[PDB]
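A.B. asks: For reference, the chains in residue letters:
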Amino acid sequence: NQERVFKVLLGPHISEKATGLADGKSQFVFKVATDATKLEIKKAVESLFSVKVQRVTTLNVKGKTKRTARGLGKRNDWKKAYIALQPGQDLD
Amino acid sequence: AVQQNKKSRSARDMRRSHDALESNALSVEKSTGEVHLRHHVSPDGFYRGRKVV
Amino acid sequence: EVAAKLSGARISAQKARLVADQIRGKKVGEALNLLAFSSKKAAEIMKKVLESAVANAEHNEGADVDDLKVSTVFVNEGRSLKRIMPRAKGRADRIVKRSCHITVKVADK
Amino acid sequence: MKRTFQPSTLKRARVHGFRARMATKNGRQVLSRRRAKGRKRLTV
Amino acid sequence: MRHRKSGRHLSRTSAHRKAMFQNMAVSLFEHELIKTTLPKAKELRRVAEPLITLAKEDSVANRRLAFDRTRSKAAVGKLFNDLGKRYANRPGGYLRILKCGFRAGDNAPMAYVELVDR
RNA sequence: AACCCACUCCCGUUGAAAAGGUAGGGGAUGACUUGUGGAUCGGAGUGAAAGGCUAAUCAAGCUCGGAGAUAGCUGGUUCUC
RNA sequence: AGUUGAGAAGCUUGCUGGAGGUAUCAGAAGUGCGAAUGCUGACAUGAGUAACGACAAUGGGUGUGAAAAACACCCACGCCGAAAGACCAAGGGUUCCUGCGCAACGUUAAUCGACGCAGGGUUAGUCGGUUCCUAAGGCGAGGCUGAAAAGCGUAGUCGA
Ligand SMILES: [Mg+2]
Ligand SMILES: [Mg+2]
Ligand SMILES: [Mg+2]
Ligand SMILES: [Mg+2]
Ligand SMILES: [Mg+2]
Ligand SMILES: [Mg+2]
Ligand SMILES: [Mg+2]
Ligand SMILES: [Mg+2]
Ligand SMILES: [Mg+2]
Ligand SMILES: [Mg+2]
Ligand SMILES: [Mg+2]
Ligand SMILES: [Mg+2]
Ligand SMILES: [Mg+2]
Ligand SMILES: [Mg+2]
Ligand SMILES: [Mg+2]
Ligand SMILES: [Mg+2]
Ligand SMILES: [Mg+2]
Ligand SMILES: [Mg+2]
Ligand SMILES: [Mg+2]
Ligand SMILES: [Mg+2]
Ligand SMILES: [Mg+2]
Ligand SMILES: [Mg+2]
Ligand SMILES: [Mg+2]
Ligand SMILES: [Mg+2]
Ligand SMILES: [Mg+2]
Ligand SMILES: [Mg+2]
Ligand SMILES: [Mg+2]
Ligand SMILES: [Mg+2]
Ligand SMILES: [Mg+2]
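These protein sequence lines map, in sequence, to chains T, 2, S, 4 and N. The first sequence begins at 2 in the entry's author numbering and counts up one residue at a time. The second sequence begins at 2 in the entry's author numbering and counts up one residue at a time. The third sequence begins at 2 in the entry's author numbering and counts up one residue at a time. The fourth sequence begins at 1 in the entry's author numbering and counts up one residue at a time. The fifth sequence begins at 1 in the entry's author numbering and counts up one residue at a time.
The set of hints was computed from the structure by calculation and includes no laboratory data. Don't take every hint at face value.
[To be verified] Cross-link-like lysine to any residue pairs, in silico, SDA-like; alpha carbons within 20 angstroms at most:
1. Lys40 (chain 4) with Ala70 (chain T)
2. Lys52 (chain 2) with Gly101 (chain N)
3. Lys99 (chain N) with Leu115 (chain N)
4. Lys28 (chain S) with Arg18 (chain S)
5. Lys35 (chain N) with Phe47 (chain 2)
6. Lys2 (chain 4) with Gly91 (chain S)
7. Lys49 (chain S) with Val66 (chain S)
8. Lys42 (chain S) with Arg11 (chain S)
9. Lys37 (chain 4) with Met22 (chain 4)
10. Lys48 (chain S) with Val36 (chain 2)
11. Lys48 (chain S) with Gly105 (chain N)
Go ahead and model the full structure; you've got the sequences and the hints to work with.
C.D. replies: Rendered as structure tokens:
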């Protein structure tokens, strides 16, 4: 569809592991929609960044429960994906 | 066992009349003029005018 | 004269009376020495209060640290934190964790 | 010294679950009563 | 009853008591100054002094006997080479005990054990 | 021996534990022991049978209503002249 | 505090308090607590007493820090080793790692922590789920049975 391409990638994930992966390997870490599959997020990166991805690996991250006077509040859950590019191309 | 009547303020305070403190064994070092317990190394590390630590 | 307070101290009220009555009515020169070598926990707190009281007289007033004599010392009882402690055969007993208010007052007279 | 409550999830949901209560007539009345009281959970 | 009985238990079994002084002497003969408890120092002077006296005569049998009770190569090397020759003309009294305040956590009377010349 | 059970002494009784621990003890290829899932429920179930077990509660459970049951029986019933 | 009445009680003022109170006479009472092994919070005596949770075991040096028996490292001692060692399934639900800290807990102190604040950390065609099949058993179109709720049950589809 025309949509479902500007809704699967929620933005880059800045970290120390993600930064090291981008330099050592050609893997980039992204925050993806919780209902996004591996096919959608590989056809979205190649369309919105003009690159070629060999494969993508995804995981679901649970939200940390923070205790405050009023009850226990759960932070929003989210999905993470390691976009592994070809030896060429960079996901900037 | 247990008691039959509670102890009053006078009866309680009479028991703890023998509960006091005393540590007046202080001494002034001749050289440094530092107060310390007698027959003890001073807090700075002097004993009868001699550094030991 | 000037005073210094410690509203809220972990040690209980009763244990701190035995140090307060040991220095009530002495000079600050030896009051700091008695607590500098006392073996009880209350000595460290009470010396911290006494040195603050002496510093208050030194700064807010022109009183020298030599002529000061600790005049009035009284230890009141503060808020006690209540917590349970399990015991044998299911019974649970309540444990109070007491505090105290220490007020050391020094006078230059 | 085995105590009375040995936890499980598959047994808990098949007895005290929403589909266990909703299936029978009495359990639906329990759901209605618990909703009328206004409890936050309604399913334990 | 303790009538004329010498030696203090220190609330330790016999093997722990033996091994503790065996490891206090081996540590004292590396640093020559230890911050230890006063009752433990009053008993350490009945263990280190026999070793120092034994160190004044160098021999295979003496070195083996010393090793049998202070088992450490470094301590046996420190003996018979630095100690036992420095105190070659001092009759007894190879270390002193100096009380040093009290412990911070508990109230245990501490004491410094120091070799007499250093 | 693991595993299951609990015959004896002591400790513990406000215990480490609302039924345990150190010593000793019986079965240990079977009528065995045990993990997961399921069936039997209140004058009603299960029971190698003790009236035992049925969520620390059992000569018939727990909870909500009849219900503020009934009590010829205890206890209490507050200012003055 | 003083003062007036047989009493329940009433009147005037010092200080604190910082905004409402009701001569007198009539009504309407949730109308006067010392006790019910009375109900709910607070505080005592016991008492700074018993205990601080297996009788594997600790002793030095250095560092930090306001402060080291318990924090980190080194030397040396003891304990488990058919476990006090590793890996899965239940169950738990971020307790996992790094910085900033000890108001609280941890049966003591704490610079330490399964403790507070902020970040980071779980990557599957091949390992376990889902997807295929079914046991015990659950539900069950039609259909029989039952005052009503409902019970049984075939085809069928769920259940490791
Ligand atoms: Mg995955
Ligand atoms: Mg949410
Ligand atoms: Mg219990
Ligand atoms: Mg079941
Ligand atoms: Mg032995
Ligand atoms: Mg077992
Ligand atoms: Mg056996
Ligand atoms: Mg029972
Ligand atoms: Mg009644
Ligand atoms: Mg009736
Ligand atoms: Mg108004
Ligand atoms: Mg009334
Ligand atoms: Mg009352
Ligand atoms: Mg009490
Ligand atoms: Mg004590
Ligand atoms: Mg007593
Ligand atoms: Mg006693
Ligand atoms: Mg005791
Ligand atoms: Mg312990
Ligand atoms: Mg061994
Ligand atoms: Mg073995
Ligand atoms: Mg947490
Ligand atoms: Mg951690
Ligand atoms: Mg603490
Ligand atoms: Mg934490
Ligand atoms: Mg079937
Ligand atoms: Mg059926
Ligand atoms: Mg039908
Ligand atoms: Mg199937």
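A.B. asks: All hints are to be evaluated individually against the structure, with a verdict given for each.
C.D. replies: Against the structure, the hints:
no., hint, in the structure
1, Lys40 (chain 4) with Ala70 (chain T), "holds (18 angstroms)"
2, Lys52 (chain 2) with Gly101 (chain N), "holds (16 angstroms)"
3, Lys99 (chain N) with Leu115 (chain N), "holds (15 angstroms)"
4, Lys28 (chain S) with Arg18 (chain S), "holds (18 angstroms)"
5, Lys35 (chain N) with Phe47 (chain 2), "holds (15 angstroms)"
6, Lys2 (chain 4) with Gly91 (chain S), "holds (17 angstroms)"
7, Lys49 (chain S) with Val66 (chain S), "holds (15 angstroms)"
8, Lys42 (chain S) with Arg11 (chain S), "holds (10 angstroms)"
9, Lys37 (chain 4) with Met22 (chain 4), "holds (18 angstroms)"
10, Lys48 (chain S) with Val36 (chain 2), "holds (16 angstroms)"
11, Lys48 (chain S) with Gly105 (chain N), "holds (18 angstroms)"
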